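Chemist: Chain by chain, the residues:
Number of protein chains: 4
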Amino acid sequence: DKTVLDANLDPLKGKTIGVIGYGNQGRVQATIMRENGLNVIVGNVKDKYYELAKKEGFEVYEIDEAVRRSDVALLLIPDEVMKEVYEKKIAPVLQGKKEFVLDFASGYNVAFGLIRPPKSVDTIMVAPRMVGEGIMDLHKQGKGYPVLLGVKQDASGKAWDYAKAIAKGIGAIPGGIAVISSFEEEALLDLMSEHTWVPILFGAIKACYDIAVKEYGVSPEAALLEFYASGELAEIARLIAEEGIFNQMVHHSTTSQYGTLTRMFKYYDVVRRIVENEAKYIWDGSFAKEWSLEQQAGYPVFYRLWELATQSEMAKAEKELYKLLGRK
Amino acid sequence: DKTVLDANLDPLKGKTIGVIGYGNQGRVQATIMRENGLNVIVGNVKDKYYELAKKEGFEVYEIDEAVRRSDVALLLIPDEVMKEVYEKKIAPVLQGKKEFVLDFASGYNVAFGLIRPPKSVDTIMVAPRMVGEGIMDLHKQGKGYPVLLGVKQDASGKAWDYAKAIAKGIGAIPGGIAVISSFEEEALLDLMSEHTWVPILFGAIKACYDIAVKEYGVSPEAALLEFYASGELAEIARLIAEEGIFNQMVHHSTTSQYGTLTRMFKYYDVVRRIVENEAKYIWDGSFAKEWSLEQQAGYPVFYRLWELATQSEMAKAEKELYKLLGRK
Amino acid sequence: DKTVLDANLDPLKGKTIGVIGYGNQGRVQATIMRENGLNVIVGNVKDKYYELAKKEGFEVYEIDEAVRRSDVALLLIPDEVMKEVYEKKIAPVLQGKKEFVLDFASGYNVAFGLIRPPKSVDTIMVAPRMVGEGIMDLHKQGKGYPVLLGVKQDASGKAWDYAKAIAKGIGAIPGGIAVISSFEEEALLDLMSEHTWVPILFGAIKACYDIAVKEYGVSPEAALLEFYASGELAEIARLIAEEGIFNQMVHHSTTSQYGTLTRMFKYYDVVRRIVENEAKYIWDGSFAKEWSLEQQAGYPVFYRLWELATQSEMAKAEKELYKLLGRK
Amino acid sequence: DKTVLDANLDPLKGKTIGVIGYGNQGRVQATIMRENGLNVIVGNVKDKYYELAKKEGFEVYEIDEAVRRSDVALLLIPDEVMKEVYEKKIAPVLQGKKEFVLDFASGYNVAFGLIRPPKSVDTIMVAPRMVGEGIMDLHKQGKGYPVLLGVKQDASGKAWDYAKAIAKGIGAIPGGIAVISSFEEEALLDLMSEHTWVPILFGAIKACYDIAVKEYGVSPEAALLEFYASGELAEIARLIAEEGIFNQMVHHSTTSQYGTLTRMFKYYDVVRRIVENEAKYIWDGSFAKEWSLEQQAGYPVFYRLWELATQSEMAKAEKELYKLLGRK
Ligand SMILES: NC(=O)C1=CN([C@@H]2O[C@H](COP(=O)(O)OP(=O)(O)OC[C@H]3O[C@@H](n4cnc5c(N)ncnc54)[C@H](O)[C@@H]3O)[C@@H](O)[C@H]2O)C=CC1
Ligand SMILES: NC(=O)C1=CN([C@@H]2O[C@H](COP(=O)(O)OP(=O)(O)OC[C@H]3O[C@@H](n4cnc5c(N)ncnc54)[C@H](O)[C@@H]3O)[C@@H](O)[C@H]2O)C=CC1
Ligand SMILES: NC(=O)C1=CN([C@@H]2O[C@H](COP(=O)(O)OP(=O)(O)OC[C@H]3O[C@@H](n4cnc5c(N)ncnc54)[C@H](O)[C@@H]3O)[C@@H](O)[C@H]2O)C=CC1
Ligand SMILES: O=C(O)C1(C(=O)O)CC1
Ligand SMILES: O=C(O)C1(C(=O)O)CC1
Ligand SMILES: O=C(O)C1(C(=O)O)CC1
Ligand SMILES: O=C(O)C1(C(=O)O)CC1
Ligand SMILES: [Mg+2]
Ligand SMILES: [Mg+2]
Ligand SMILES: [Mg+2]
Ligand SMILES: [Mg+2]
Ligand SMILES: [Mg+2]
Ligand SMILES: [Mg+2]
Ligand SMILES: [Mg+2]
Ligand SMILES: [Mg+2]
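Residue numbers (the deposited numbering), protein chains in the order written: chain C, 2 to 329; chain E, 2 to 329; chain F, 2 to 329; chain J, 2 to 329.
Okay, chain C solo, but in the shape it has when bound:
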């Protein structure tokens, strides 16, 4: 199938590589690659992270100076401002090149056209799904992790083998796997989650609390303990990742199984409608517009919501409680 379990490491040996950033990924992938036998460099904003980067023994010039030396570049930096940075400090230099290759972590800014490099650069993606620390929590085990790969532009007939070259350049396969996928799919996915089941879950919890308290005379403490103040959810998620989502439930009681299944098959249509709406909203590019404007206005809504959430009853009760249990 489309999967790839291992590949070559040929095109990247003999060239220099441009690593932009020393954050979570940047540091991890960069240390990995240096340890994989390649000549690499770093570009970074000269701050605490730069201290740490030069600390770990990576020569770090300015951004553009790392792009002039390298024939490849990895932009391991945020999604919200990368645009301007590319416009000012990277586009000129890049125009000062002929054969180049650029790879990202996320496809947001590219899939939606906020960044359109020239046709003189093969354009690709390599994206994992962790938060980042798990990857050292796997590398010290000699394992490998799974990732997504994409190609946006090929001016060399070699974008894909460069893709797998990079892949093995970061220690994913062999040991994990590597999926090939457009930029579009990656963004669509990373957003659907952030828009569909996470917020639904949180709202459902909040509603259960509010109801139980204001309509059946219950104590906040008990509600919090039942719903999320206990690590129940964590164990469930672990068992899911290990055994399977459904096979997991065998370790539960029959009553739980019955209720869960019935209600699941009973509410599947509603959430389906919701998911359709949101995925459509995304495929078109509307959310990108919304978010970019919200940046351009001063993050007001962001602010007010961050306020309301914390000033809710549930949060205050959680505060009193976590204090009681010593949890910070």
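Where chains are identical, the list cannot tell them apart; a pair therefore holds if satisfied intra-copy or between any two copies.
The list that follows gives simulated cross-link-like pairs (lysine-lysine, BS3-like), each with its CA atoms no further than 27 Å apart: (1) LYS320 / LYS207; (2) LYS324 / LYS120; (3) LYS3 / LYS159; (4) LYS207 / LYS267; (5) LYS317 / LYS144; (6) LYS49 / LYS98; (7) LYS324 / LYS215; (8) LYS3 / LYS324; (9) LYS3 / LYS207; (10) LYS120 / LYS329; (11) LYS89 / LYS49; (12) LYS329 / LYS3; (13) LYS290 / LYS84; (14) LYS281 / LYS267; (15) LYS56 / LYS141; (16) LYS47 / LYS89; (17) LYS99 / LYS89; (18) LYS120 / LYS49; (19) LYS141 / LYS324; (20) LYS98 / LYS47; (21) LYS281 / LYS215; (22) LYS159 / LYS14.
Derived by calculation from the structure, the hints in this document are not laboratory data.
Use these hints to put chains E, F and J with the ligands onto chain C, whose structure you have.
Modeler: Below, chains E, F and J with the ligands without anything else, positioned relative to chain C:
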């Protein structure tokens, strides 16, 4: 009636004129006027068009330098960015004047207040309805073409005679006609079309294709031939422009006449509702806001839609076919 | 694929052919075929067209006399009355034959069962999509045109090779193409257009006019100029036929592109519903019934609608105007 | 105003006139005109009416023979079959003429295009509103009556003076009046009544009966007496025609006035909607189609409804009663 079939040419003889741009209109109208016995100049961004302009024998200074010399100016340039250009490079100079006159092709930026020149300048419009090449395709015939005229500000009691002076300064009347109309009407009209019957037409065609294929076992080729791959529509539009929209249908079969008329009178209310909605959306200024913001965000939606349209089935089939017929 | 770019001319050489009519197609296809090296004849109502036909040097007997001599027949005549004519003057003669072949331009009368020849005749279709004059406008260029082919009944195991034989007998391939398709598809298509996007377009235009005038108090002249009195639509249709429907819009302004695309994707569902309704109405045979009855009653509705359309405001204004521009 | 109170009698003196029919109008208008000093003739189906016509001293040839002799013709015959009769026995003869004039009582068959005489005949209407006997009930009083006039085609520049000539040729003005009006208006009106307030009235009466009987234990006799078996309605209608519709109610009780007015203003919208629907149904020509087909099928619905109405309870009770009162 409000029409005007010919007028004078007095106020423009003895003055200099400022022509901003050498594109489609700029070149045509400018060559026309030079050939109409006037002293004119050109302002242009120094690029290929500037090469062509100085090629055809028009002294072309910088924009502001053409405004300092001229007592009139014609801004024959786009609608999406003209704002900034006026703010930086034209407003100062114009402030360095007392009696001036400015005329545009479109009323978008003025009707909605994105450009507010001083009360020391008579403000007007002169707009034709072609794409531009038809106008030489008429001038070499010695004909004249129809246009729209408007006045936004009059500080001379002469805005209108300047209007008709310009009109005859471009070779429209005598030979065509000249309508007088606010900036607002022009914009309203140029937008209603672009929002109402064009997109409806395209969507209807697309839907006919999709249906015929996916629900009655038809070949893409036949559908494309029937609907638009044939030049039927072109001949129909020509006959419309020549004889009249309805009188045109006499050259059709009775069956076609019957079905067309019945269905037309059957669906008139729906589209009427739609048109009402859109015209209202415009009269208020909302669309201008939408579009300006979409510029300020990075044209994401534009991008995604341009993608989806081309990646549709109909387009791919059209590709294979046009290839077969040799059509580029 | 199903297409055919060229084929043989064997079965038609050595036989006589029956051409019924000398109208648009009849004359064109007949002259073409005579010029393609075949023995042909004509049948016609003895009137002006008969004068013109015998003028151009085609021996023209009575209809039935041309069917007795020919082993093939092409019924190149209307769709509304052909029934009776076949019942009286053609069915008897045809019954006086054993091996025969009949081909039409349109599949209306056959697809719906208004004409059911015997099982002793291979039944087929050959239909182009022009209005007819374009085909000489292509033949004098030595080109070829596209057409649709169908087979309703085969009593010879040769209906298809007869089909392609005829095809090349009229000068379509090589130079154009030839699609194979049931009678049903042809009728369905020729009707969907006449019921879906043509009338919608006209109604939308009419509504735009009415609104702009009676709501914003604009001048009729300007509205007419913007919407259809200008040949804008013609150039657009030409560019469509040449480049492609979407690629066409590159020659427009970004504003137009944006509005058009958004609104297109915004109204696709409505027109889809409409098209579904009408196509269903057709597939069943209801429209044929409606139309046949309307013939049998005296064309009242036809009359009243032809009246209302012309007595509308838009038409009167168009009259005054076209008069002004010299357009007949 | 548009009214006409008297006019000339010039164009009809010196010519012959063609009177088709000797029914209600035919006899009345014909006798009137003969008595008005003109040379006239009659055409009639040779039956009892022909006996009566030749009885009263009118030479009566065959239809076509009366059209060959006359330069004018009046078609004073029904609306349901006149079509065929004109097609067979009148159109040929008429084609055997150059300057002719044709006038009707009703505009049904013309307004809807079921009859389209040549452009060599001025086409007009003259229609009264009685049932016909009232007109002698006025002529023996030396009065005059009101009528409607229309012109469909004028090939003489004299259609209107011929109109008024005819008008005075039948004894309407002076003494009554004469309104000018298209064929369309006449048909629209004569139908609206027959579709809107007559049937509504009858249905309301029927419903009142049914309700009163089946839901409040009332005797049929009393209901019939109250609603219509009494001549109340007749006196009311007379007073309406004499004094005015509203001024009429002064002769009623205050209670009646109050209830009537309140309920009238309370139900005006509903019936308005209904009337709109029906008038629209007519303006388009649909009803003509419906009726013509119902003729072509065998008058089934007509039959079944004529049955149901008479086999209703109300009718049987009316039978028993009218028998009791001696009313036939
Ligand atoms: N746990 C996470 O946050 C993960 C992030 N990603 C994606 O990877 C990229 C970010 O990953 P990380 O950098 O490791 O996490 P991070 O959010 O801590 O990024 C910090 C890095 O961004 C650079 N940076 C920040 N502001 C800058 C500025 N104004 N100018 C120049 N450089 C600036 C800094 O060099 C810094 O090292 C994004 O594309 C993100 O969508 C994907 C998987 C998980
Ligand atoms: N076919 C069409 O596009 C027609 C356009 N109009 C209107 O006329 C005006 C445009 O007419 P055209 O110039 O002939 O079409 P265009 O799209 O070819 O405009 C090109 C001209 O714009 C100037 N220009 C472009 N970018 C510039 C920049 N950054 N800075 C300075 N100058 C720049 C250039 O001098 C160039 O000559 C607009 O108001 C438009 O709405 C009206 C009728 C038809
Ligand atoms: N140009 C068009 O309108 C198109 C029409 N078609 C189809 O082709 C056929 C008609 O094409 P054309 O004849 O070229 O156009 P047409 O509509 O001008 O047909 C005129 C021909 O019909 C014959 N005709 C008319 N009335 C007759 C009668 N009472 N009795 C005997 N013959 C009579 C005449 O011989 C005359 O030559 C139809 O099936 C039509 O649906 C297909 C493509 C384009
Ligand atoms: O909510 C609980 O604690 C569970 C139960 O079955 O009682 C395990 C699911
Ligand atoms: O769609 C067609 O080709 C037309 C027909 O009447 O068949 C001309 C309209
Ligand atoms: O962009 C514009 O202004 C167009 C017009 O309506 O004239 C070409 C589409
Ligand atoms: O129905 C009646 O008899 C009337 C009354 O007022 O009682 C005259 C109207
Ligand atoms: Mg994310
Ligand atoms: Mg994620
Ligand atoms: Mg526009
Ligand atoms: Mg326009
Ligand atoms: Mg057709
Ligand atoms: Mg067609
Ligand atoms: Mg009547
Ligand atoms: Mg009446």
